[PDB]
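**Q** Now for the letters of each chain:
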Amino acid sequence: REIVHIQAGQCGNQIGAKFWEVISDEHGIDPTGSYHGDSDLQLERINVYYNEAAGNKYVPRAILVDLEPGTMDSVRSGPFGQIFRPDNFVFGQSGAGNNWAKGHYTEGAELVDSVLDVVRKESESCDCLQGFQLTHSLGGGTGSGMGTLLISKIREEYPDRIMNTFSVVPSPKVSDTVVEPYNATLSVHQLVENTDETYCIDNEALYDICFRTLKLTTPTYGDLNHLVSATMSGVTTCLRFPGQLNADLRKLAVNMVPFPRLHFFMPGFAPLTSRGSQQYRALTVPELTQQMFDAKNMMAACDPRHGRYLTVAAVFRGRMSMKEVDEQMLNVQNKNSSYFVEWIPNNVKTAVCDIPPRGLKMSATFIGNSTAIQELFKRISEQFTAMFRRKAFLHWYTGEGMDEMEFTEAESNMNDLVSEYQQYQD
Amino acid sequence: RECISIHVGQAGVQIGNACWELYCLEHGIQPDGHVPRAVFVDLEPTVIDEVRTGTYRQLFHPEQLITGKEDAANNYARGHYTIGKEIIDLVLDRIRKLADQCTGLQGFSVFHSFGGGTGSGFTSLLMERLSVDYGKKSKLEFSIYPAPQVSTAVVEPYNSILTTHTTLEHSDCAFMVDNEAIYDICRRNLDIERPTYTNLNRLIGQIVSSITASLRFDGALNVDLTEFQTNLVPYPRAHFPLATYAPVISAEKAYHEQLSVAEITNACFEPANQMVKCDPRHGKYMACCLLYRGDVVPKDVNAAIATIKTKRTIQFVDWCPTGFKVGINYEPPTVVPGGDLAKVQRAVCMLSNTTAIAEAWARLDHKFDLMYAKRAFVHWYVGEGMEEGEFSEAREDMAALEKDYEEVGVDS
Amino acid sequence: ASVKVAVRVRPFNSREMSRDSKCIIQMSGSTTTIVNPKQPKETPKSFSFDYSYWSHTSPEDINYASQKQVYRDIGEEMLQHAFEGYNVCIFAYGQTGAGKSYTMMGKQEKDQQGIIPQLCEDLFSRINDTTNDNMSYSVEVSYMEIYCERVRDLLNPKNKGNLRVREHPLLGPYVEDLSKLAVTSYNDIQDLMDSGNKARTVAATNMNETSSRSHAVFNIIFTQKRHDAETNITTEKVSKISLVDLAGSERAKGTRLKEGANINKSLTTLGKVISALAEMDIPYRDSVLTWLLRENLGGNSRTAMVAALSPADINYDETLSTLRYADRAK
Ligand SMILES: CC(=O)O[C@H]1C(=O)[C@@]2(C)[C@H]([C@H](OC(=O)c3ccccc3)[C@]3(O)C[C@H](OC(=O)[C@H](O)[C@@H](NC(=O)c4ccccc4)c4ccccc4)C(C)=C1C3(C)C)[C@]1(OC(C)=O)CO[C@@H]1C[C@@H]2O
Ligand SMILES: Nc1nc2c(ncn2[C@@H]2O[C@H](COP(=O)(O)OP(=O)(O)OP(=O)(O)O)[C@@H](O)[C@H]2O)c(=O)[nH]1
Ligand SMILES: Nc1nc2c(ncn2[C@@H]2O[C@H](COP(=O)(O)OP(=O)(O)O)[C@@H](O)[C@H]2O)c(=O)[nH]1
Ligand SMILES: Nc1ncnc2c1ncn2[C@@H]1O[C@H](COP(=O)(O)OP(=O)(O)O)[C@@H](O)[C@H]1O
Ligand SMILES: [Mg+2]
Ligand SMILES: [Mg+2]
Numbered sequence: 002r003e004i005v006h007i008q009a010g011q012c013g014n015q016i017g018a019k020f021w022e023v024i025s026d027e028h029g030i031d032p033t034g035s036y037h038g039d040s041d042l043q044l047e048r049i050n051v052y053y054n055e056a057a058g059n060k061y062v063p064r065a066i067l068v069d070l071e072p073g074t075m076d077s078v079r080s081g082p083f084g085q086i087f088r089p090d091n092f093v094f095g096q097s098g099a100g101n102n103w104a105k106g107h108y109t110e111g112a113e114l115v116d117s118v119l120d121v122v123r124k125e126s127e128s129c130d131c132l133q134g135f136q137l138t139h140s141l142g143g144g145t146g147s148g149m150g151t152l153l154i155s156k157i158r159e160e161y162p163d164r165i166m167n168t169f170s171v172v173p174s175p176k177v178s179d180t181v182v183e184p185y186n187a188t189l190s191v192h193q194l195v196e197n198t199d200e201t202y203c204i205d206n207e208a209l210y211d212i213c214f215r216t217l218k219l220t221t222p223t224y225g226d227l228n229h230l231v232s233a234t235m236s237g238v239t240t241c242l243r244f245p246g247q248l249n250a251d252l253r254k255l256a257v258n259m260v261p262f263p264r265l266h267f268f269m270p271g272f273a274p275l276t277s278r279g280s281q282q283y284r285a286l287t288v289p290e291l292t293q294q295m296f297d298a299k300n301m302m303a304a305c306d307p308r309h310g311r312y313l314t315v316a317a318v319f320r321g322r323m324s325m326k327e328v329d330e331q332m333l334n335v336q337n338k339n340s341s342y343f344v345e346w347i348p349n350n351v352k353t354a355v356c357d358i359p360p369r370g371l372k373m374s375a376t377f378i379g380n381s382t383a384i385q386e387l388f389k390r391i392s393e394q395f396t397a398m399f400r401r402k403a404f405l406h407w408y409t410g411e412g413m414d415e416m417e418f419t420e421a422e423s424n425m426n427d428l429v430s431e432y433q434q435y436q437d
Numbered sequence: 002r003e004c005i006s007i008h009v010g011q012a013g014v015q016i017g018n019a020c021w022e023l024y025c026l027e028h029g030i031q032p033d034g061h062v063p064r065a066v067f068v069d070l071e072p073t074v075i076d077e078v079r080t081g082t083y084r085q086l087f088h089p090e091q092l093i094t095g096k097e098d099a100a101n102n103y104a105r106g107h108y109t110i111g112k113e114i115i116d117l118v119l120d121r122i123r124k125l126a127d128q129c130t131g132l133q134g135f136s137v138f139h140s141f142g143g144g145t146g147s148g149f150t151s152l153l154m155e156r157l158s159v160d161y162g163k164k165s166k167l168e169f170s171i172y173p174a175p176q177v178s179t180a181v182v183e184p185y186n187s188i189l190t191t192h193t194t195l196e197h198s199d200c201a202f203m204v205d206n207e208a209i210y211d212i213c214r215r216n217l218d219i220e221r222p223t224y225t226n227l228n229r230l231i232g233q234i235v236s237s238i239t240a241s242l243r244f245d246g247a248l249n250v251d252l253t254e255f256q257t258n259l260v261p262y263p264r265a266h267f268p269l270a271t272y273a274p275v276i277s278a279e280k281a282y283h284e285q286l287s288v289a290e291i292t293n294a295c296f297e298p299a300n301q302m303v304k305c306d307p308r309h310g311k312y313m314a315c316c317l318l319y320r321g322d323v324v325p326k327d328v329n330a331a332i333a334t335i336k337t338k339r340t341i342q343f344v345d346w347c348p349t350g351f352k353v354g355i356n357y358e359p360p361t362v363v364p365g366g367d368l369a370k371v372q373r374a375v376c377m378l379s380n381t382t383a384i385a386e387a388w389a390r391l392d393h394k395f396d397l398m399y400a401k402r403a404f405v406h407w408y409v410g411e412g413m414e415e416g417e418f419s420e421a422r423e424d425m426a427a428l429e430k431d432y433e434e435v436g437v438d439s
Numbered sequence: 004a005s006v007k008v009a010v011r012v013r014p015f016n017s018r019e020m021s022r023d024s025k026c027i028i029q030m031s032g033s034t035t036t037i038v039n040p041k042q043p044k045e046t047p048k049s050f051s052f053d054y055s056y057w058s059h060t061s062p063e064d065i066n067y068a069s070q071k072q073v074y075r076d077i078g079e080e081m082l083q084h085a086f087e088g089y090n091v092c093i094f095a096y097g098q099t100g101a102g103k104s105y106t107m108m109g110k111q112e113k114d115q116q117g118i119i120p121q122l123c124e125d126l127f128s129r130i131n132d133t134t135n136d137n138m139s140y141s142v143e144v145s146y147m148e149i150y151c152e153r154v155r156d157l158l159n160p161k162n163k164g165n166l167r168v169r170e171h172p173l174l175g176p177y178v179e180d181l182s183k184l185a186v187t188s189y190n191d192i193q194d195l196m197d198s199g200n201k202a203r204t205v206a207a208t209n210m211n212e213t214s215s216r217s218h219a220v221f222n223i224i225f226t227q228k229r230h231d232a233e234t235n236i237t238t239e240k241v242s243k244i245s246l247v248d249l250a251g252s253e254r255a261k262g263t264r265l266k267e268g269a270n271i272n273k274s275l276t277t278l279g280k281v282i283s284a285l286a287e288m289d304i305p306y307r308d309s310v311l312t313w314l315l316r317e318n319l320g321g322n323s324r325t326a327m328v329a330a331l332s333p334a335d336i337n338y339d340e341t342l343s344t345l346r347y348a349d350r351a352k
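Residue numbers (the authors' numbering), protein chains in the order written: chain B, 2 to 44, 47 to 360, 369 to 437; chain A, 2 to 34, 61 to 439; chain C, 4 to 255, 261 to 289, 304 to 352.
Bear in mind the hints are in silico, worked out from the structure with no lab data behind them. Treat the hints with caution; some may be incorrect.
Simulated crosslink set (BS3-like; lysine-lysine; CA at most 30 Å straight-line) [unchecked claim]:
| hint | chain 1 | residue 1 | chain 2 | residue 2 |
| --- | --- | --- | --- | --- |
| 1 | A | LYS164 | C | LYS41 |
| 2 | A | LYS163 | C | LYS41 |
| 3 | B | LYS156 | A | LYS163 |
Listed below are several chain C residues computed to face chain A (Cβ distance under 10 Å; list not exhaustive) [stated by the list, open to error]:
| hint | residue |
| --- | --- |
| 4 | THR36 |
| 5 | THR60 |
| 6 | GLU63 |
| 7 | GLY262 |
| 8 | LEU265 |
| 9 | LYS273 |
| 10 | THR277 |
| 11 | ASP339 |
| 12 | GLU340 |
| 13 | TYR347 |
| 14 | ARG350 |
Every residue, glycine too, gets a C-beta built ideally from N, C-alpha and C.
This is chain B alone, in the form it adopts within the complex:
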């Protein structure tokens, strides 16, 4: 099987560097080097993310889409930056304006064809394609607009292969941009209707989870990114490993989406202990479920405790008892019968790889489909209206060839999306 990553925008891009920083080491691939793999198993399934050309050069099969040179020229001028074949860099030296409209209708719409071109060169690579990984932020141009287009096109070209989306939904407390809800509401819209698996991460849900669950005092972006990339590795790549009970994107999809919206999840990693001290090793297993299922530790902003779950997928990856795994999951399902929805006898989807995260003994990625994420699109949707009402920075959109009915559309859509999700919380 296979997949082809997609680094839309700067963020989605910045993260690319971290997702590939990791993944590679979790596959023994040095900058341009080959497979130094401490083992021999980190190779029989690599294909999922690379391509064979030389014999020591397995190049990441991702796409780097962005209308701001400097960015990709920071990712390509640093560490692992020199492993991507230049063909991968689909830049847009234009003005990468922070407008969803500027990267979806006017500026991005041009650079698109020169992207799809490659997304096809990579898809028609070899063997059988599974789906595409998509990273980006719903709070900017090259991210929400242009990346949200990249998919609307992808999903017309292969409505068969899957589409996981890793979105950095606009954090609450403080917005790292101003129109944010504009660029956001507009991209979520496109998401709820193309990709079929979305993993929403919040820069501040991370800080928290990174400053209190990792006594880490100076959580640089690199970190946040790093933590995130840690989860997306547990998801995909991982399951493309052996296991007593293994799954793969689809299983994950076909066990997690009760209703076609596409629904968005909230990823959570397992061993998340501070370096030295904490290295408690309390990782027998009840310790991992202890972790994963708590409020804090959910990369999302919202707290599960604020709304039932529809599905859950503990994708563990480290030798354990299909008994102490299958078992724990249960008590968990009974101690919290309250929030776990009922019309699904077994919400949880236990998954079990074998080999764990390179240096760790036992981990377990969590992919939750809780109704709690209602209280986020609400947020976003609110911010919109409060500012849409006055058409705040709307001239930067319309003036870019947009529509007063376009914004209406998205909000509503994504706004209805909130509605539905409640239809199950009840």
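Go by the hints and put chains A and C with the ligands onto chain B.
**A** Below, chains A and C with the ligands without anything else, positioned relative to chain B:
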């Protein structure tokens, strides 16, 4: 004389590798000896690959190892219809190529995992295409039906109410081994909170050895495969008996091993030892095939059973005077060199049809409704060449399986 | 009722004649029973609907449900709901060859016209026979095919390309550049029908057999303008009438993955919508069909479906499936 076997679904393949292990182990045929007599099907390469990479690597022909690099999908539909279809031909071909090479066979011991994609769906049509190509044989499918509370897949029931209805009108005798109810045995009758799948497999890998292996093997009271279905199914519904083993004692902890027949047989009817969460909560047995192996005196049996026939609290069906098929083999069991199985010199792999499953099916049917009641993951099948028909019409199916297993009992 | 459901069984067709098929369907009152040809000694499965139309024989038969009867029970009351100011929908659902097109458009001759021409004729008849200077009307029509998520304008021979359904940020979904024609008479709207029906079965349509794989949607925008002499001003009342001839329910072998996917998705979604509507006493965007007709499927709207049934034994599985689908509509 023989009995081919088709291990379908990752699980049916893991269990397969296991049951297949125990085999050579008690036949003195190391890694590289003769030639198996089965096949392996899966729509996820990486798993059958485990049989291609791991142990018992060269004991198979890359011809009896079928794979569909494509996608597994934990959904019946896709595995049965859409994808699973493409492979079937090829699959069949082997069970027609392997079915020819032999000499007057008896049937195909099928190994699948009820609630899976490749295991539920696919087989559904595999057994389907068999019942027509060899209606004149035995179709005993050995299943691992849905843990009563510890299921895995979110949809499981969708996949198991569908493998039951499609296979029902095609199997001869469906053996059932409950994944969870086997754990209990690993906790309560062997002690270990560290049971790897690789163990449950060693277990069924045992109970199964008692079925084919040893039985098709000479003895003081041989029992052919046909024998089963005959002495085991009272009615055409591909009736599903339950597998049970007796000396499930730990090869470390306790040691009373020397547990004469009189004991090991009583240890079969206590509900805490039956590889199935179908505790005889009321289910009246209606036929049991006590397969013994090792040093056993026919009188010991034709007495140990007599004592039972008169315990009454073990209430057998009405319309059934005597429902005890005593199968005696010679060669004692054969435990893994150093797993965790005791290793006695006699065992009792008793299987049976019990009005008990009236439960197990019930509890699994109900599940289904809850979700169907909201269509839950329905769009996943529809979009895979299925319809509101196949679901609703396979629900009605089992409905008359809840009435069937009710009527054939509880009444006189 | 906001949701009415009727089933209708037709006479044997040619395939069934050449097959010497037995009739497995019988009707009584509102009940339709179906016999399993492989199990003649059972009691047939029973189903109850708002109407079970027995049209398995012919108009020469005293008990034959004619085009006129079907229209007067289902179509007539719908038109009345449109005159009252609200939107309506009438769907024909069922296996290819079961009778969907015959029920909706029917034949061009005397006696065989379906719901669409009878409803249009009735509409203009009520309009022209409306006596009142304060009441004037406008009738606009659109006729299209929904195939693989794309729209085909049946009233424009050179429909150059495949128009998309779009969602106006405020006024709802609509088909871009789709022609909407104002008609002032029946013979005129009749002209458009014939012209559109013609386009559905030209030779080129056999390439992708769009006559049985696409959904045909006939839309009428009915506007009633009310004048008032006291304080001199008109108040407009707009009703939307959608008459649909769905894709064959069996294509939900030889069917392409994506045609089947979309058709299944479309029919499955429509089923949820209608069951929800009947519930009330909803995933619209899940399919283009249910998305484009959202406004005609709202809580105010009224819907009716006529499920076409083959009588023969050879179609037991598809016919049972259709009956179950209709039974779920509620
Ligand atoms: C001596 C020793 O055992 O060191 C550990 C360690 O101290 C701890 C604290 C690690 C450490 O992780 C962090 O401090 C961290 C920093 C930024 C963001 C997130 C986490 C570690 O850096 C991370 C590193 O993780 C791995 O090696 C995994 O394979 C992981 N790899 C990466 O994230 C990675 C990092 C740099 C370069 C390339 C990859 C992984 C996890 C999931 C999927 C794929 C890969 C491990 C076990 C450790 C150190 C090295 C200190 C922990 O994290 C992980 C992801 O394992 C933090 O809590 C856990 C518990 C570990 O015990
Ligand atoms: N006893 C036993 N049960 C197993 C084993 N592997 C899986 N199972 C059980 O069988 C079911 C899992 O089926 P899956 O592995 O998801 O799927 P599959 O049937 O192989 O086919 P796909 O869904 O297409 O992958 C669960 O109920 C597991 O508990 C095994 O090795 N032994
Ligand atoms: N986790 C994370 N968030 C980022 C990174 N870079 C920008 N962001 C977030 O992305 C949003 C800004 O969008 P940006 O990526 O600049 O848009 P674009 O570059 O125009 O497509 C803010 O909410 C930031 O917190 C990053 O490297 N990691
Ligand atoms: N009630 C009826 N009376 C007479 N002819 C009918 C009737 N219903 C269907 N038919 C005939 O059966 C065929 C199938 O109907 P259409 O052709 O309506 O198929 P579908 O259901 O695929 O749209 C046509 O030839 C039509 O003339
Ligand atoms: Mg599998
Ligand atoms: Mg037609």
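**Q** Determine for every hint whether it applies to the structure shown.
**A** For each hint, the structure was consulted:
For a cut-off of 30 Å, the pair hint linking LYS164/A to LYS41/C stands: about 24 Å separates their Cα positions. Annotation: proposed proximity of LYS163/A to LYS41/C holds, straight-line Cα distance about 21 Å (limit 30 Å). Our distance criterion of 30 Å between C-alpha atoms is broken by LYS156/B and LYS163/A, whose separation comes to about 54 Å. The interface hint given for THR36/C is violated, since its Cβ lies 16 Å from the closest Cβ of chain A, which is over the 10 Å cut-off.
With 10 Å as the threshold, the beta carbon of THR60/C stays out of range of chain A, its nearest partner Cβ sitting at about 28 Å, so the hint is violated. Nearest Cβ of chain A to the Cβ of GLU63/C: about 35 Å, over the 10 Å cut. The hint is violated. A least Cβ separation of about 12 Å between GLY262/C and chain A goes past the 10 Å threshold, and the interface hint is therefore violated. The criterion of a C-beta within 10 Å of any C-beta in chain A is met by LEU265/C, whose closest approach is roughly 8 Å, and the hint holds.
For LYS273/C, the suggested interface contact is upheld, since its CB lies about 6 Å from the closest CB of chain A, less than 10 Å. The interface hint given for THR277/C holds, since its Cβ lies 9 Å from the closest Cβ of chain A, which is under the 10 Å cut-off. Nearest Cβ of chain A to the Cβ of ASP339/C: about 7 Å, under the 10 Å cut. The hint holds. Taking 10 Å as the C-beta cut-off, the interface hint given for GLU340/C holds, the closest approach to chain A being about 8 Å.
Nearest Cβ of chain A to the Cβ of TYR347/C: about 6 Å, under the 10 Å cut. The hint holds. With a least beta-carbon distance of about 7 Å to chain A, the hint placing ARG350/C at the interface is held under the 10 Å criterion.
Figure legend: structure checked against the earlier numbered hints; hints not met, in rising order: 3, 4, 5, 6 and 7.
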